[PDB]
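Novice: Here is how the chains run, residue by residue.
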Amino acid sequence: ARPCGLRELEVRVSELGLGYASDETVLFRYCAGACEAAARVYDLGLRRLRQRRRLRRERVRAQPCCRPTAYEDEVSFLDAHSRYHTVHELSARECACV
Amino acid sequence: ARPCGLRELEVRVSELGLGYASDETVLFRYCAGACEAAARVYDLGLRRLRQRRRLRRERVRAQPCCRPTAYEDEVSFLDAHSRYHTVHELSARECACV
Amino acid sequence: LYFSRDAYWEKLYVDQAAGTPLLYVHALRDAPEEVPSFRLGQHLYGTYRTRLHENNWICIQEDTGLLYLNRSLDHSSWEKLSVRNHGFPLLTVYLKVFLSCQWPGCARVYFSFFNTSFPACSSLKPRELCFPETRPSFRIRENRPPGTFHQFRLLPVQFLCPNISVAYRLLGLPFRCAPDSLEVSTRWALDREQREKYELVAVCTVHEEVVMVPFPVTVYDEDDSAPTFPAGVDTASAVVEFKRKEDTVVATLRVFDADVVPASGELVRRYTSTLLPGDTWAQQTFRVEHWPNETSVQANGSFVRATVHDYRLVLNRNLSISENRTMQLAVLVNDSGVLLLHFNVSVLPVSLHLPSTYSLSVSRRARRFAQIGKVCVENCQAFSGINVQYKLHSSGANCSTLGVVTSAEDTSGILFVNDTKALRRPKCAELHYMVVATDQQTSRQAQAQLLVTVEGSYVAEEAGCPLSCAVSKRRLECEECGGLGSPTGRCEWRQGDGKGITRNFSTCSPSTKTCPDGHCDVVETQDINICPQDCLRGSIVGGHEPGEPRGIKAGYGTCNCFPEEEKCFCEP
Amino acid sequence: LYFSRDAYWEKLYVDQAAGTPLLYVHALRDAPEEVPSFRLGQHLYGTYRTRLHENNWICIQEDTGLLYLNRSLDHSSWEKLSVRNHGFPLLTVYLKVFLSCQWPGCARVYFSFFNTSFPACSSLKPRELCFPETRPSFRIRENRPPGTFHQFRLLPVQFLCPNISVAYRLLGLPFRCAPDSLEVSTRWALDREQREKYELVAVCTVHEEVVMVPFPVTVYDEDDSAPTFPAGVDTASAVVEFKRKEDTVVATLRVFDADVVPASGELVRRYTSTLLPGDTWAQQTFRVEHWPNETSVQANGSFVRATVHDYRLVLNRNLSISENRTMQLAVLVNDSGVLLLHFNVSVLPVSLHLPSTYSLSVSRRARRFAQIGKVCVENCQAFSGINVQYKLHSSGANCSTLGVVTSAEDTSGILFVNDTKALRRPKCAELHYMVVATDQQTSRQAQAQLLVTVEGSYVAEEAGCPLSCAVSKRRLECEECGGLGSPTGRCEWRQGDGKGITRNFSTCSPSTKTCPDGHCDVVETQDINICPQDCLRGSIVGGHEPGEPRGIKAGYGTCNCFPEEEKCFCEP
Amino acid sequence: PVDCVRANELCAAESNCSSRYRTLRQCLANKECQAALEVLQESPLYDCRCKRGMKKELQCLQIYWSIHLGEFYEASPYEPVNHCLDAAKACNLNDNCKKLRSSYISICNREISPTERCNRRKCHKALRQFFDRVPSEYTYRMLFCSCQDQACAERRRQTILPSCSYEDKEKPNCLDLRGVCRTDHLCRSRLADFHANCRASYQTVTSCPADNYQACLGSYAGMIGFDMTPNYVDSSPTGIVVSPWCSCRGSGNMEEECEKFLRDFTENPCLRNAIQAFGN
Amino acid sequence: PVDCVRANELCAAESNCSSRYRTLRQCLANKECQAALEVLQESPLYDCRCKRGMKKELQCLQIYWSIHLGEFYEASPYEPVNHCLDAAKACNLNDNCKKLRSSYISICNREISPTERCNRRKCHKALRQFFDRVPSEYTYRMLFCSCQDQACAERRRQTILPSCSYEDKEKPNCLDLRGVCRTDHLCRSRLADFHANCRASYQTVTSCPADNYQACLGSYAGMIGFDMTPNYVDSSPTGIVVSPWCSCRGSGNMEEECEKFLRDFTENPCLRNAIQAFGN
Ligand SMILES: *[C@@H]1O[C@H](CO)[C@@H](O)[C@H](O)[C@H]1NC(C)=O
Ligand SMILES: *[C@@H]1O[C@H](CO)[C@@H](O)[C@H](O)[C@H]1NC(C)=O
Ligand SMILES: *[C@@H]1O[C@H](CO)[C@@H](O)[C@H](O)[C@H]1NC(C)=O
Ligand SMILES: *[C@@H]1O[C@H](CO)[C@@H](O)[C@H](O)[C@H]1NC(C)=O
Ligand SMILES: *[C@@H]1O[C@H](CO)[C@@H](O)[C@H](O)[C@H]1NC(C)=O
Ligand SMILES: *[C@@H]1O[C@H](CO)[C@@H](O)[C@H](O)[C@H]1NC(C)=O
Ligand SMILES: *[C@@H]1O[C@H](CO)[C@@H](O)[C@H](O)[C@H]1NC(C)=O
Ligand SMILES: *[C@@H]1O[C@H](CO)[C@@H](O)[C@H](O)[C@H]1NC(C)=O
Ligand SMILES: *[C@@H]1O[C@H](CO)[C@@H](O)[C@H](O)[C@H]1NC(C)=O
Ligand SMILES: *[C@@H]1O[C@H](CO)[C@@H](O)[C@H](O)[C@H]1NC(C)=O
Ligand SMILES: [Ca+2]
Ligand SMILES: [Ca+2]
Ligand SMILES: [Ca+2]
Ligand SMILES: [Ca+2]
Ligand SMILES: [Ca+2]
Ligand SMILES: [Ca+2]
Ligand SMILES: [Ca+2]
Ligand SMILES: [Ca+2]
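Residue numbers (the deposited numbering), protein chains in the order written: chain A, 100 to 197; chain B, 100 to 197; chain E, 29 to 128, 137 to 207, 211 to 246, 251 to 379, 387 to 622; chain F, 29 to 128, 137 to 207, 211 to 246, 251 to 379, 387 to 622; chain D, 37 to 65, 75 to 115, 121 to 131, 159 to 357; chain C, 37 to 65, 75 to 115, 121 to 131, 159 to 357.
Take these hints with a grain of salt, some might be off.
[What the hints assert, rightly or not] Distance condition first, Cα-Cα at most 20 Å in a straight line; then the derived SDA-like pairs of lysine to any residue: (1) F:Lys603 / F:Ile578; (2) E:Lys523 / B:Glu123; (3) E:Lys549 / A:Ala179; (4) E:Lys124 / C:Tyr123; (5) C:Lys176 / A:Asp178; (6) C:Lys248 / E:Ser307; (7) E:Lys617 / B:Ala136; (8) C:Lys175 / A:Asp122.
Everything labelled a hint here was simulated from the structure, so no lab data went into it.
Next up, chain A with everything else stripped away, as it sits in the complex:
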């Protein structure tokens, strides 16, 4: 396994499935990996309380999912109809196991 962090990719804008009909290429930084050495006592306690069905049958999270902390500001591009478009917060800058 590999620790969670930034990974990069180069994609067309039309491959993102947002509906923009463009052909430019954007850089896409996501967070990926698996957290193993970030569990705490809260995690073990909440997991053991789920195992006894003590909870009120809701959606709780007893494994730390790896999400970004901050995001990039703006990505601008042009399309097939000569019309600029600005997308706010498309890719990540900081990956943390929160």
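Given the coordinates of chain A, work out where chains B, E, F, D and C with the ligands should sit on it, guided by the hints.
Specialist: Structure of chains B, E, F, D and C with the ligands alone, referenced to chain A:
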């Protein structure tokens, strides 16, 4: 559905399954709920890139799981052998949809 | 007196002997009493207005206007000059020539220096034997006594290669090339208003090559045209009835002028528009705005250009409704020959009466902020600068249910349900209101009757419904539940299409004629739960295009909105 | 002269007449020339040392020592006093009584005032007719001429109820109650060293009730005992050979004293221990430490208490090894009767030679920081205050593989593999070292031979293995892979039990005799990848109990550790 | 009543009273001292008190003990004011008592060396912080909770964590321990406060001054965190015996005074009646 | 060569040169001005230059134009220095060009009212920030990229976003637009820099001064972001025609000067050869 936030519970220490043989009661504040109105453009983009199998077959997270931001400091108690125990960061103080 | 050109050209070399003529100059005159003197400047200027050394080599003949060489040259005298050029390569020097530095009072003469010596007579192509590299362009003022403005012979070429037979030739034209002397003169005086440009071809014949060179002459203008009406129209009549805004174009008329000379810098100072006095109401409510524009007119199969001055009469303040006047205004036009203009103006008052009876209904299942009908003074969409607010006056004073806001776009009032408790009571089932149409500047008003019957059954609301229609996402969860702005108690689902990011996006709205419209009127901007997809100040997640003041202008697929967080989602 | 008690007691009332006797006082004497005078204090003190008013009511007879009433009382004179009490309720006043304020030179006499009047003779229970509420406690110094110290009759009771027949009685005792006069005297002089406490019972007979009251007498001491040996022992011999630390108890002897009077405040000033001079090496290396302790000894079937002074002789600095001396020391003991003490001391030097040959081996599959054997000067675990470091000297000077750190717990050196590259070479297969045992204070040293043979095959390592043994979690992933501190190339899995949070927790360690031991020695503290579960400075997630300097002292289930993040997990 | 800090401020508003106060302070720490005393008897500094858990308590107690003229009892400078498992539950379910409880437990249970059991001064400071600024329906319910077996009495004895703050290597003399406590400023004031609300008297039917159990429990709980720290001697259910960590051995000819000092803890009827009545 | 800011600092180190400089500055903004000029001709302030994208450029240009003695051409005060889709890809894959590109696009594409298309001044400021502090292998590759059809030429025309910064409601006169630009300090300096590296000459084989294509492209790219902003007139693939947003109408008797000004953009052989050679 109900938005994600703090929920409270009152549990015996021996019910936490940590191994402590005590009978005192502690207050347990966890985070619970479901996030619906917190998805961003990054989430839709990474989900659509998973749907085309463009990724390198790793563990990625395309739904925001609801985890605590900060935790409480210390919970101390006494057991059946007259021996105090201090547990660091057992319950949450701030729930956020990160 | 004025020079026929502005910039003269000549090539220099190394070790050119004294007494070698460089060029002629030409100064066309204005009156039959003038002899063109020619004085040189006392500085051999260099690059970018830089003095190098006092003129000590090139002398002048004032009578024929001849620039020639008094002294010789060597490499030391040009390395003396190229040091003083302040970091620039010595490529072209120039002199100033006065005549009694800008055109027409002065003309600067360039000189390109070559490091090589004078080339052989057989080493020169005929293109460099006939005409210089910079082709001339001549300037003749119209209505002036004609003279001589050009000469063909390259003087150092025939001075240093005198054995080559070189001839020059031109093609009802007013110009002529003199026989046995290669000066070029003009026969009769010119006018721009008949023709402004003369392109000719100078033909050089060597021994043997025939070379053609373009030859431009541009005729310059004086102010020889008084202004003229287009066709007899001296008056313009207009009626000020409905608009009354701060700046509205009331009347407009053209003035034709063949004169061009007062150009855009000095056109303000010369073409003078004076509104003649007599009444302070005109000068406090009207002003005379003026601007020119150039057009092209034909004279003899060509295209000359002339000016067309538009004079218009513009309001200065919001006129009141109580004005019942008519006047005639006089405008003076001065072409510094004088012109007079007339304007008939008629400011008519406005009656603001209403229909006698407004009969309309409302469902009992309706909610707060639901639009029912419009109150409007009869000439609805013709008011521009008039504030007209509407109110309500309940006669029973017990059953306050409806309310009126004044949409100033059409200047009309909107009837909306304000209180849900009084609408559900079986006692307040036939409501009688007295709608009052007011005015802000003057206290004139009108009034009308509003009978409204509250009709229907009543069905209780589900506890699993949200407070807005836009929170629902699909069709079945939209049409089976109600929101806030609905006029009948249920929400309406409009369906778009699959054409990508378009203005026709499928959504759940209270009213499909009011909510996904693109305008956030006075009802929807009260509390933001009614229609967030026309009024929000937030962010849209997905492929979108934002509203121009606010809202969602275009979205991809279905668009739902959470107004409690100021967020929308557009997604298929 | 000294008062038999310190605090006297008496009850007051309202409107008590003049000439009413309150109480007697008693002052036991010291010499047969003394007559006890009795002067009163000039202030009626109140609560918490607060002056109220000058004494103007209670007078005294100096001869018999009689406190009696000179003037009368009323409510005005006591409301005069209760104002001046500074916010306190008037409950008890007191006077001071001098005799020629603390015991024995002074005694304060309390007076409890009642707001009511004097109660009737039939309204009084006999318990309040015989003895006061605060029972007395008497103080008699030993070896003093005996006299009268107590009297029974409550003087206002028999002054105001004289018709009640009240008798008093006591049960080889030195005390006696006189016939026909209720004074209490002592027959012969006392000594504490035979008996210290006398509990008696005073018996009061009214008309009719018989009441018994405890009657304590405590005999006080003087310094009437010179110090004494326990049984004849005046010398103490001890040998300083192996310890040599800064403060070690060399010799110790008791001194018995029946005297108690120089108590713990003034025992430093009186029981004086002086180390007699003669040699500066003794006074710079030894000191005489002294402390008492009280024991209980029997005299005639009772238990008296006496002091036992322990005198011990303590080192003052780290002695060097090169000392070969012997001495006798003299200590003077002063009981301010004088005592002399002797100490035979013998400081013997230490030889620090080594065995001639150290023969040991090592596997070829081993890794860096793997413990092999110990070098140790022969008397290993007996050195206390001596620094002995060990080094290596390779004879070939090409094949540096091993290293030595000095564990100062046993003062022994540990052989550990330092370089893995030189160990895998087939050229450096028989290593010859010269181990040198040094010393810090003196440059004395020793040396020995170290032959070590590098034996085994070699198997390459898996790329899927981590750098530590503790990263593995189960048994199969522990025993099928190697770590850093292993001596054979593979890790060792130790299994605990299911007894909750215990010291026996199952883990994966390099060496099961060194890593999960509870001590972080000099090898393991070099680089923290070797044994994190004995050496970490971090946090343990799960039910645990932390190590006392550092480490994991107890854990629940299996405990693995990530030392790159300073974290451990204890979990079943 | 005006406390001694505001009394010092009102003394600072004049020149004569401040001059006599600084004069007596320079004399203490004939005809000058008696003049300064007869001026300062009418001062607001005379008969000023302090309070419990107030702002800047140590400065008020330094103002008080600098004009005391010097003795077994002293005047108190203050304003004249399974059950134990359930008490621990009621403290853990709070948010202030939980934080301060975990503070003093995590400080007092930190073993440093094999010779030093704990850090003594920070343990006493954390105990003072817990028994100053927690409301007294939580600190008394844990400390005075009636028991009927051994486990309850052991949980009740283990409350102030006696293995760190109460015990020591040796038992000193009670008079020397009293001298150590009377050298300090806070310990002397809390001891004088205990010697004002828990004395024994034969007048009242409850053996307490003015029949105030609350003042006796408040004076007892104010000593935990000092050198004269009381606790329970054993895990006996019914016998409620408190004492400091001292004994009467090595006293000399002051055995009677030392036993009379120790009987105010061991055999005090007012304090035992107060603890048993809070148990009811 | 020492720039004018350091020249002002070295002028501030003396009294006579600073006094003559302040004298000529008070005279401009007979016998006094000529004396100040004949002193300041030997000053380091004489023949000082500025640089492109330097620290405090506007102060250097204020030092320069305050000693200019006043004209069609002026001396430059500077140091004498699908392909378009791939250029956009190479700018998006960077991290500086991406941020500044998204900055000027998100500013210049913000419609305010139905009458005002965009905020003009912040659009021009964002264009200046993009074409100052991005390396010139990114700003030139997007702006001068040879095309063979209509979509490439339209993407190339849409690069500086002409609907906000280039166009207007009306086409002014080129002489009045030149007067507006010469009123400013930065626009006048960038115009004089364009009139030094992109003039036409008959001497060189490439029609450029000293055969320097790089100086002509750098002088052209320094005008984007001002009132005299050039762009392409149409989406023609081969015909590379640049001009400002002006025309020769309404000129008067200055038609020849206005057309001679406009031919330095429309029919400049040096600039067309430079753009076509960068295309090669
Ligand atoms: C001037 O006339 C031309 C004719 O086409 C027109 O395009 C232009 O907008 C006019 N300008 C003004 C200011 O009226
Ligand atoms: C305006 O004035 C004329 C003048 O007689 C009058 O006939 C007309 O009724 C007036 N307009 C109104 C609205 O009264
Ligand atoms: C037109 O303007 C000129 C210059 O101001 C003035 O002399 C002349 O009188 C004006 N014409 C009229 C009719 O006022
Ligand atoms: C004139 O009328 C317009 C249109 O309603 C209004 O916006 C403006 O404020 C008015 N101005 C004055 C000075 O009344
Ligand atoms: C609607 O009702 C509210 C509640 O009294 C009132 O404040 C508001 O002015 C009303 N709106 C109108 C347009 O009358
Ligand atoms: C004194 O002797 C007693 C006897 O049991 C012992 O408990 C105590 O520890 C001794 N104290 C010292 C200081 O030796
Ligand atoms: C110490 O001194 C004695 C005195 O003769 C000697 O016999 C003995 O060998 C000495 N010790 C050593 C280790 O040399
Ligand atoms: C014992 O101490 C006393 C007091 O200092 C002194 O007078 C006496 O001489 C001492 N005894 C001896 C033997 O020195
Ligand atoms: C004395 O020896 C001990 C034991 O090694 C050591 O810790 C201490 O530092 C030494 N002191 C001196 C002064 O050498
Ligand atoms: C182990 O080898 C390293 C590498 O040269 C060296 O720095 C270190 O001192 C060695 N350790 C010992 C105990 O010799
Ligand atoms: Ca004419
Ligand atoms: Ca004209
Ligand atoms: Ca004309
Ligand atoms: Ca709308
Ligand atoms: Ca005796
Ligand atoms: Ca003695
Ligand atoms: Ca004795
Ligand atoms: Ca170890």
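Novice: Against the structure shown, which of the earlier numbered hints fail to hold, in ascending order?
Specialist: Hint check: 2 fails alone, others pass.
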